[PDB]
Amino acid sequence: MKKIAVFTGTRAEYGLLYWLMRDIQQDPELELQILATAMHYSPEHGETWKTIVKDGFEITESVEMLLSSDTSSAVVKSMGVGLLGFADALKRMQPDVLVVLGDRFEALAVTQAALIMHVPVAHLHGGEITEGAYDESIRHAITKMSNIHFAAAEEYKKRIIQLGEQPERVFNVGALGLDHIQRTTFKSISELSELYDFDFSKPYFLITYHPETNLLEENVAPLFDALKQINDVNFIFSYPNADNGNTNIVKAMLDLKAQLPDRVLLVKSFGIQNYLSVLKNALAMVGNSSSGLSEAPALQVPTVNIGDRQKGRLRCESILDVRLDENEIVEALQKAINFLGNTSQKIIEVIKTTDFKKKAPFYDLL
């Protein structure tokens, strides 16, 4: 029986992975393993490992790794703690494949761990471009260390091939997180209001702003000063991720809460069912998260995308791109006030029927 290990280091990536994990678990010919780490064990990010367990999954191996110091040197140390724990976790699990989604620093660490230990990596969401984050270069490094590739669009598949991956190892299966659109039940406004003790019947923005890590001196005051200028709208926040630079954003969020206690809801981390439900009923998805470029258009919610963290990803008409600039942000906010489904199944099929035990040779473009 094939042991498919799924890596997860953040609530949001766990949300994207959910239906693959559920289907592997339900499949009698496959044994799900889970390696959970990074933000799932940090109290500052909600201790979201508890959500994995409550959803009915068994965490095969957990590795706590994040240092609390908010610095780039501490991020590198965290990656080192991660490698030290992954060494023993992968030794014990002995997975037949490790599924790795995305582009975060903990994903880079587990991928090179798996490579060194000859565990084949299946990589989801390669081939994409996010110029303003060091996730950009991480993503392509993870591609180069992975044996098989599940891309979300033909453009992205083509880039993975340009990177020198064999065409027969690259699969355009779509965006796995978008299977939630068909398979997950959404909560109503009344249910959200009871759950968060907050009136979701009043218009609101959903805001997620993460550190833009290639930006030298990030000052997020233009965003919060912009929000303070909008009247008769509530502000619902999720917390920034664990990249260096995030405590500055948390401070700004707490300050806004203190100034507007009845108009601000700070949620360390929504379950992705609740998250998608809150997103669906928002005036707009504000900030610089990838959900603004995927889930928000898919739910027909406008996106106010700020800065360069998402720069290079495919665009569409509902995306308002603006600089980290108070006047540009205010005006985009006002604009928003005034105006297929079987990816999991496809991935499992490929994994069941494809030999990707050995990294294929480099693919030169003739």
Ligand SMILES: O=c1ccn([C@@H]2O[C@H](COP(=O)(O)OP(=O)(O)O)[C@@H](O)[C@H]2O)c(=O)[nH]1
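C-alpha atoms forming the largest set that superposes within 1.5 Å between two forms make up the rigid core. Positions refer to the first chain, counted from 1. Compared with the form solved in complex with the named molecule:
- Looking at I116, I189, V76, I181 after a core superposition between these two forms, you find that only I189 has a C-alpha shift of 2 Å or more.
- Remark: with the core as the superposition reference, the CA shift of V100 between these two forms stays below 2 Å.
- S318 is among the residues whose C-alpha shifts by 2 Å or more between these two forms once the rigid core is aligned.
- For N147, the Cα coordinates differ by under 2 angstroms between these two forms after the core has been superposed.
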Given for the second form:
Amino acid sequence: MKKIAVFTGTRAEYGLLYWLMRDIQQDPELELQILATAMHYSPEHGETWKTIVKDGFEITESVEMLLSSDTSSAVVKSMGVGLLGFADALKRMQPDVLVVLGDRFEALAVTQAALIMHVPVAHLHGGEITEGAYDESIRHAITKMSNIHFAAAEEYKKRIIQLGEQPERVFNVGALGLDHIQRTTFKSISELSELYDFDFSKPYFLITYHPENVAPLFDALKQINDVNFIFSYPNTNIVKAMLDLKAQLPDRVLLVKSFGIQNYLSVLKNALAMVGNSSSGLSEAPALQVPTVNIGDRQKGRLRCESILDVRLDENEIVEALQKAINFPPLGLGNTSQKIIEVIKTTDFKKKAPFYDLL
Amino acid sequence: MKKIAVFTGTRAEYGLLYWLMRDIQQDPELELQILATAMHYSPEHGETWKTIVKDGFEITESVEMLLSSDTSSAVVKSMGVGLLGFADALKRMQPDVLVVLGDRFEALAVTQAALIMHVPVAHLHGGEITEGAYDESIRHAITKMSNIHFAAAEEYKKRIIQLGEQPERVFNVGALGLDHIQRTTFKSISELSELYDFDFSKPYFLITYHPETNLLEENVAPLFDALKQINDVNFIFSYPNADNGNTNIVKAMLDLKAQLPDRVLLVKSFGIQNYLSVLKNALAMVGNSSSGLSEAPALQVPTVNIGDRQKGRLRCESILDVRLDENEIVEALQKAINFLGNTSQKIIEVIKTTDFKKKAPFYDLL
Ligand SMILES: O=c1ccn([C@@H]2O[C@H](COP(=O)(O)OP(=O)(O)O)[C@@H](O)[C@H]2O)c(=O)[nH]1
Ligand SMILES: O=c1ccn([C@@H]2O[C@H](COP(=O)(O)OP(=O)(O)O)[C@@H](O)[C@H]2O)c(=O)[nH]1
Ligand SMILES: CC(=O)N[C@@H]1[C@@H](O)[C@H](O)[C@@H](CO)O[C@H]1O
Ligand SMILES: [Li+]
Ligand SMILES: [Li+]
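Would you mind giving the form solved in complex with the named molecule, to go alongside the form solved without the named molecule above?
Shown next: the complete complex, the earlier chain at its head.
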């Protein structure tokens, strides 16, 4: 029996890790541990650790860490509280593997804690490029302190190998979140229509825009005749906009508070195009044959493919892309969890492999 | 007037950083800040902050962090205490740059603290390899979180560039500590003997052994037994660092001291002037410290390097690599018996003439 602990610090990355957790839990020779922390214990986002429990999981260790503040000083303090809790949490859990996804500072924290305490780290989504204040640097630091690496694409695996990781320790397995696409039983147009009191049978745009003046977006959709607009929630700067557009056209736009992964993929499935700058637009929309118009550069650095139509944040260049989207796989198909588990079962990665020099 | 804050966690790195610190203090266009922490405030490692102050430097911010419990979980907790202190220290200092040397866990802590608080990091001694310690992965993580890089050799600079750092931010300026060869006057055998009440005129090994932190079950008896098998030489020890697993080494050192009181000198921490004075006259530098492969060859003193803590570093012909094995150590010892300094100024003018306020993009190799 191998103890596989999954680290989770936000609702979104828990969503991405969901099916790997389900598979470990189901697998009889693998014991699932869960270390939940950071924004799962934030009242701003409704204590999303409860969602983990409601989905059938047992939170093995929980570590409140986030300070109620907006300063970066308080982010450093939050990271310190995190390290203090992670020491005792890893001490009690004694995982054989710690699964860490992404590049948030609490994942950096737990990764270095694991390194010091000799818990092997399996890192997901290393080798990626997504410019920010410093999210990139942190991602690569996590890569350097991890023992095995599950990249989502070949460019990413190659960049991980350039970072000095042994090729036998890097695996292109696809994007784990896309397992949802492969395992969801989608709601029909009738079911979605009855559930949200809205006729999804008249085609629509699904639009998730996240805050990076968003005017040349909401002036860019008023022009598009004869389409309904289903929004998810991204904030008052854009929420106020979305609401203004609602009141102007009270019927042919629907704003939904929280879709949920199943309903969300069902509405995204039956859409002409995913509009906006969310990450859904650069992985889930391609896997669901629905074109994407990505706005601005919040998703700058992610790999592209046929379906992606990137346009700057101005009115005209958007209004063109919408119609062009009314005029019609590197991250994989969605069996990533099983590939990850097969590699974990068949590979020794207890120790950090020797640094890999190119040549 | 640019604010250059120098981070210092241990004696070792402080001595390495000395001439850079003194040159910034002396340079009237740069304001020296110092963030001292970790082993500088532990009585078990000498309270070496006193050395910093006595050298004429002002400790702008101090952060005690080291937990006394000798476990890996206590090391993690020490790093967390570090972060909680560095938050306020860096908040007040508002440095224009933070200078971080090396690969220890407190340096990882302060580097991520500075990154999160948008304080550019100048990292010294990146691109090297020390496979036997978790300092290895720490070092590459610190490289990825640093803005400008000062390496000690072209091989190391090249490894920094492979790590995805922009070429114009990686500089080969040499090892800063070796500036002590030209600018620091060495003590003589008589002054060392009066200063430590121990005769340095008799042949002696200088021994420094730290926990090899990737080794699962470190048992250091083969070294000390090996030392006991030698005749007519003295054993002068510095203390192991604060990594988990050091109290075992301290225990073995105290056992050896009680066994051979007239032949053993245990010093928690020398001044680096004193330390280089002792190393220069030793029969050999025994142990697994980084001085065995930079300072010790530079002073023409043979090195007996034990284990894998220094595995991967550049070698030369006076480096004797052995396993943690009684016979290999005894024989390397029997052999040992029987038988350019402008780095600081280069770093300073690079920091003066370069803009590294923002992390440069990831450098993909062709
Ligand atoms: O009402 C909603 C809106 C979004 N999502 C999910 O939230 C995830 C993250 O969305 P987004 O791309 O906006 O995150 P970001 O890219 O901004 O980090 C996606 O996988 C969606 O499936 C959801 O479950 N319900
Ligand atoms: O008692 C000592 C021992 C070390 N040093 C300095 O620290 C460096 C490295 O020694 P140490 O074992 O403490 O560090 P590490 O092996 O971890 O690099 C040497 O080159 C010396 O310049 C010192 O000043 N006093
Ligand atoms: C700082 C110090 O005292 N010792 C060494 C230093 O010589 C070396 O270059 C560095 C590698 O990053 O690792 C430190 O442990
Ligand atoms: Li299971
Ligand atoms: Li000065």
